[PDB]
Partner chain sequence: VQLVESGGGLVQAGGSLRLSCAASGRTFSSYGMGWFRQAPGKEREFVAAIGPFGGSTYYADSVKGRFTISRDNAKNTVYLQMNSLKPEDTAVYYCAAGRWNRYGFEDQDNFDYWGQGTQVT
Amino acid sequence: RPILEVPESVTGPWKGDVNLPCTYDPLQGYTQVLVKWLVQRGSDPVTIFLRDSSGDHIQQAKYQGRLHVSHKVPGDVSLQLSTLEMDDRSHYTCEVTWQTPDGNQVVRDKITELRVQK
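How would this chain look by itself, in the form deposited with its partner chain bound?
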(Lines of atoms letter the chains of each structure in order from A and count residues from 1; the text may use other names and numbers.)
(Lines give C-alpha, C1' and ligand atoms only; values in the text may rest on other atoms or scores of the structure.)
Protein backbone atom coordinates (compact mmCIF):
# COMPACT_ATOMS: atom_id res chain seq x y z
CA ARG A 1 0.00 0.00 0.00
CA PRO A 2 -0.84 2.50 -1.39
CA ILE A 3 -1.81 0.83 -4.69
CA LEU A 4 -3.25 2.44 -7.81
CA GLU A 5 -6.32 0.83 -9.40
CA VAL A 6 -5.92 1.10 -13.19
CA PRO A 7 -7.52 -1.20 -15.81
CA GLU A 8 -5.19 -3.35 -17.86
CA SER A 9 -6.62 -1.82 -21.01
CA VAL A 10 -9.25 0.65 -22.23
CA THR A 11 -10.96 0.90 -25.62
CA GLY A 12 -12.33 4.25 -26.73
CA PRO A 13 -14.35 5.30 -29.77
CA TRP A 14 -12.55 7.06 -32.57
CA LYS A 15 -13.16 10.83 -32.33
CA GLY A 16 -15.17 10.39 -29.09
CA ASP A 17 -14.29 10.58 -25.38
CA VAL A 18 -12.41 8.07 -23.25
CA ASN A 19 -11.68 7.81 -19.53
CA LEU A 20 -8.47 6.13 -18.32
CA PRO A 21 -9.48 5.32 -14.72
CA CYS A 22 -6.86 5.77 -12.00
CA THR A 23 -7.95 5.61 -8.39
CA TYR A 24 -6.64 4.76 -4.96
CA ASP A 25 -7.88 4.58 -1.40
CA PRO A 26 -6.73 7.68 0.52
CA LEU A 27 -4.56 6.60 3.43
CA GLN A 28 -4.58 8.43 6.75
CA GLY A 29 -1.48 10.57 7.11
CA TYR A 30 -0.67 10.36 3.39
CA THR A 31 -0.62 13.72 1.56
CA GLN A 32 -0.96 13.68 -2.23
CA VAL A 33 1.68 16.09 -3.55
CA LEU A 34 2.01 15.18 -7.27
CA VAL A 35 0.01 13.54 -10.07
CA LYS A 36 1.52 12.72 -13.47
CA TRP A 37 0.13 10.98 -16.52
CA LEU A 38 2.72 9.68 -18.96
CA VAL A 39 2.54 8.13 -22.42
CA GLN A 40 5.01 5.41 -23.37
CA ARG A 41 7.30 6.21 -26.33
CA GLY A 42 9.46 3.13 -26.81
CA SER A 43 11.59 2.52 -23.76
CA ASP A 44 10.78 5.88 -22.20
CA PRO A 45 7.61 7.31 -20.62
CA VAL A 46 6.85 10.93 -21.54
CA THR A 47 4.94 13.20 -19.14
CA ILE A 48 1.79 14.55 -20.77
CA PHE A 49 0.09 15.94 -17.65
CA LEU A 50 1.26 17.24 -14.27
CA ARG A 51 -0.75 18.36 -11.25
CA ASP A 52 1.35 20.00 -8.54
CA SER A 53 1.02 22.83 -6.05
CA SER A 54 0.37 25.36 -8.84
CA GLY A 55 -2.44 23.31 -10.41
CA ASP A 56 -2.67 21.40 -13.72
CA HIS A 57 -0.18 21.59 -16.61
CA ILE A 58 -0.55 19.97 -20.03
CA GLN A 59 2.95 19.45 -21.41
CA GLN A 60 3.30 17.56 -24.70
CA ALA A 61 1.86 19.47 -27.70
CA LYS A 62 -0.19 16.49 -28.95
CA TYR A 63 -2.53 16.85 -25.93
CA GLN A 64 -3.31 20.60 -25.55
CA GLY A 65 -6.95 21.46 -24.85
CA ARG A 66 -8.40 17.93 -24.85
CA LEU A 67 -6.97 16.36 -21.71
CA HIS A 68 -8.75 16.66 -18.33
CA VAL A 69 -7.90 14.88 -15.05
CA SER A 70 -10.54 14.21 -12.40
CA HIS A 71 -10.16 16.22 -9.23
CA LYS A 72 -13.45 16.32 -7.31
CA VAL A 73 -13.15 13.01 -5.41
CA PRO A 74 -9.99 12.36 -3.35
CA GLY A 75 -8.18 9.32 -4.65
CA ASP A 76 -9.60 9.68 -8.19
CA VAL A 77 -7.12 11.05 -10.71
CA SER A 78 -8.61 9.45 -13.85
CA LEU A 79 -7.51 10.89 -17.20
CA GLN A 80 -10.18 11.95 -19.69
CA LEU A 81 -9.16 12.40 -23.31
CA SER A 82 -11.57 13.95 -25.81
CA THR A 83 -11.69 13.59 -29.60
CA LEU A 84 -9.68 10.38 -29.49
CA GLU A 85 -7.28 10.02 -32.42
CA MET A 86 -5.90 6.78 -33.86
CA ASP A 87 -2.43 7.86 -32.82
CA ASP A 88 -3.54 8.24 -29.20
CA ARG A 89 -3.19 4.44 -29.06
CA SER A 90 -0.36 3.65 -26.65
CA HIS A 91 0.46 2.60 -23.09
CA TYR A 92 -0.30 5.30 -20.52
CA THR A 93 1.02 5.51 -16.98
CA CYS A 94 -0.71 7.08 -14.00
CA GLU A 95 1.79 8.18 -11.35
CA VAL A 96 0.96 9.55 -7.89
CA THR A 97 3.40 10.85 -5.28
CA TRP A 98 2.58 11.20 -1.56
CA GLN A 99 4.22 12.51 1.58
CA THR A 100 4.03 9.98 4.43
CA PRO A 101 3.67 10.08 8.23
CA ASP A 102 7.43 9.39 8.40
CA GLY A 103 8.25 12.53 6.39
CA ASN A 104 9.26 10.42 3.39
CA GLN A 105 7.79 10.49 -0.08
CA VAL A 106 6.22 7.48 -1.80
CA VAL A 107 5.51 7.16 -5.52
CA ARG A 108 3.23 4.62 -7.20
CA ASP A 109 2.52 4.15 -10.84
CA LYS A 110 0.46 1.80 -12.98
CA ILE A 111 0.16 1.16 -16.72
CA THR A 112 -2.87 0.89 -18.95
CA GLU A 113 -3.14 0.19 -22.69
CA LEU A 114 -5.37 2.58 -24.66
CA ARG A 115 -6.88 1.11 -27.83
CA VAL A 116 -8.95 3.14 -30.31
CA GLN A 117 -11.97 1.51 -31.95
CA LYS A 118 -13.11 2.71 -35.37
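We call the rigid core whatever largest set of C-alpha positions still superposes within 1.5 Å between the two forms. Residues that one form lacks are left out of the comparison. Positions refer to the first chain, counted from 1. First, how it differs from the form deposited without its partner chain.
- Here the two forms are overlaid on the core, and between these two forms the C-alpha of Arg41 is the only one among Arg66, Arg41, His71, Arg89 to shift by 2 Å or more.
- In sequence order, the runs of at least 3 consecutive residues whose Cα atoms each shift by 2 Å or more between these two forms, relative to the superposed core, are 41-43, 60-62.
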The other form holds:
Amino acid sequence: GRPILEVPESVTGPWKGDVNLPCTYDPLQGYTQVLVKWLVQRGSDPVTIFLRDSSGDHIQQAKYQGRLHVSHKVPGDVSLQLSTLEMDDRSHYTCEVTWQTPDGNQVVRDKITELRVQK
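After the form deposited with its partner chain bound, can we look at the form deposited without its partner chain?
What comes next is one chain alone, with no partners or other molecules.
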Protein backbone atom coordinates (compact mmCIF):
# COMPACT_ATOMS: atom_id res chain seq x y z
CA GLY A 1 0.00 0.00 0.00
CA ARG A 2 2.94 2.43 0.43
CA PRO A 3 5.95 2.74 -1.91
CA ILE A 4 8.72 0.19 -1.36
CA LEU A 5 12.27 0.78 -2.62
CA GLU A 6 14.12 -2.18 -4.13
CA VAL A 7 17.91 -1.79 -3.75
CA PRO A 8 20.39 -4.67 -3.86
CA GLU A 9 22.52 -4.99 -0.71
CA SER A 10 25.68 -4.91 -2.80
CA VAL A 11 26.80 -4.45 -6.37
CA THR A 12 30.12 -5.45 -7.94
CA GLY A 13 31.41 -3.48 -10.93
CA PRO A 14 34.54 -3.65 -13.07
CA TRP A 15 37.51 -1.36 -12.40
CA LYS A 16 37.54 1.40 -15.10
CA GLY A 17 34.27 0.02 -16.51
CA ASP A 18 30.65 0.90 -15.84
CA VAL A 19 27.99 -0.29 -13.45
CA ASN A 20 24.45 0.43 -12.32
CA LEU A 21 23.46 0.70 -8.66
CA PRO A 22 19.81 -0.39 -8.94
CA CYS A 23 17.06 1.52 -7.15
CA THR A 24 13.51 0.88 -8.21
CA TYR A 25 9.94 0.90 -6.97
CA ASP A 26 6.53 0.04 -8.39
CA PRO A 27 4.66 3.34 -8.84
CA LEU A 28 1.50 3.52 -6.72
CA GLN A 29 -1.70 5.28 -7.67
CA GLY A 30 -1.93 8.71 -6.11
CA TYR A 31 1.75 9.04 -5.16
CA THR A 32 3.88 11.77 -6.82
CA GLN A 33 7.69 11.49 -6.88
CA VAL A 34 9.05 14.89 -5.80
CA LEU A 35 12.76 14.28 -4.99
CA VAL A 36 15.48 11.73 -5.65
CA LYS A 37 18.87 11.87 -3.95
CA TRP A 38 21.93 9.64 -4.16
CA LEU A 39 24.44 9.93 -1.32
CA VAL A 40 27.86 8.38 -0.63
CA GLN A 41 29.68 7.81 2.65
CA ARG A 42 33.44 7.79 2.24
CA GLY A 43 33.79 9.46 5.71
CA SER A 44 31.67 9.80 8.88
CA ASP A 45 28.33 10.93 7.36
CA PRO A 46 26.60 10.60 3.97
CA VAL A 47 27.00 13.42 1.46
CA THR A 48 24.78 14.15 -1.50
CA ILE A 49 26.33 13.38 -4.90
CA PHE A 50 23.16 13.71 -7.04
CA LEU A 51 19.74 15.36 -6.69
CA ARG A 52 16.77 15.29 -9.07
CA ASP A 53 14.09 17.85 -8.31
CA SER A 54 11.72 20.19 -10.15
CA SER A 55 14.67 21.93 -11.88
CA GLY A 56 16.15 18.63 -13.09
CA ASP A 57 19.41 16.89 -12.31
CA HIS A 58 22.24 18.31 -10.17
CA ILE A 59 25.62 16.58 -9.76
CA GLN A 60 27.27 17.80 -6.55
CA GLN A 61 30.98 17.04 -7.09
CA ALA A 62 33.13 17.79 -10.18
CA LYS A 63 34.69 14.31 -10.14
CA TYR A 64 31.27 12.93 -11.15
CA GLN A 65 30.43 15.50 -13.85
CA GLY A 66 30.54 13.45 -17.02
CA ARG A 67 30.57 10.06 -15.15
CA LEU A 68 27.30 9.92 -13.22
CA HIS A 69 23.77 9.68 -14.53
CA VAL A 70 20.52 8.48 -13.07
CA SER A 71 17.88 6.46 -14.90
CA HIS A 72 14.75 8.36 -15.89
CA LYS A 73 12.83 6.77 -18.74
CA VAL A 74 10.88 4.12 -16.81
CA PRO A 75 8.74 5.47 -13.93
CA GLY A 76 10.02 4.05 -10.66
CA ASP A 77 13.56 3.35 -11.94
CA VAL A 78 16.03 5.81 -10.39
CA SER A 79 19.14 3.62 -10.64
CA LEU A 80 22.55 5.29 -10.49
CA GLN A 81 24.79 4.79 -13.51
CA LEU A 82 28.52 5.26 -12.85
CA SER A 83 31.15 5.13 -15.60
CA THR A 84 34.94 4.61 -15.39
CA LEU A 85 34.82 3.07 -11.93
CA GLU A 86 37.69 4.06 -9.62
CA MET A 87 39.02 2.08 -6.67
CA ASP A 88 37.95 5.07 -4.51
CA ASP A 89 34.36 4.60 -5.69
CA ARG A 90 34.14 1.61 -3.28
CA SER A 91 31.71 2.81 -0.60
CA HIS A 92 28.19 2.68 0.80
CA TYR A 93 25.69 4.59 -1.32
CA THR A 94 22.17 5.63 -0.28
CA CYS A 95 19.17 5.95 -2.66
CA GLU A 96 16.51 8.30 -1.14
CA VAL A 97 13.11 9.03 -2.73
CA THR A 98 10.45 11.46 -1.53
CA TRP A 99 6.76 11.26 -2.52
CA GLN A 100 3.64 13.32 -2.03
CA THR A 101 0.85 11.00 -0.89
CA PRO A 102 -2.90 10.92 -1.60
CA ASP A 103 -3.54 12.74 1.71
CA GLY A 104 -1.13 15.56 0.82
CA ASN A 105 1.67 14.66 3.24
CA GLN A 106 5.16 13.64 2.14
CA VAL A 107 6.96 10.40 2.88
CA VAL A 108 10.62 9.53 2.43
CA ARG A 109 12.28 6.15 1.98
CA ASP A 110 15.88 5.21 1.64
CA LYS A 111 18.08 2.21 1.22
CA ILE A 112 21.82 1.57 1.33
CA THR A 113 23.98 -0.47 -1.04
CA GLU A 114 27.71 -1.31 -1.07
CA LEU A 115 29.63 -0.87 -4.35
CA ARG A 116 32.61 -3.21 -4.72
CA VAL A 117 35.12 -2.60 -7.53
CA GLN A 118 36.67 -5.70 -9.07
CA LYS A 119 39.98 -5.52 -10.94
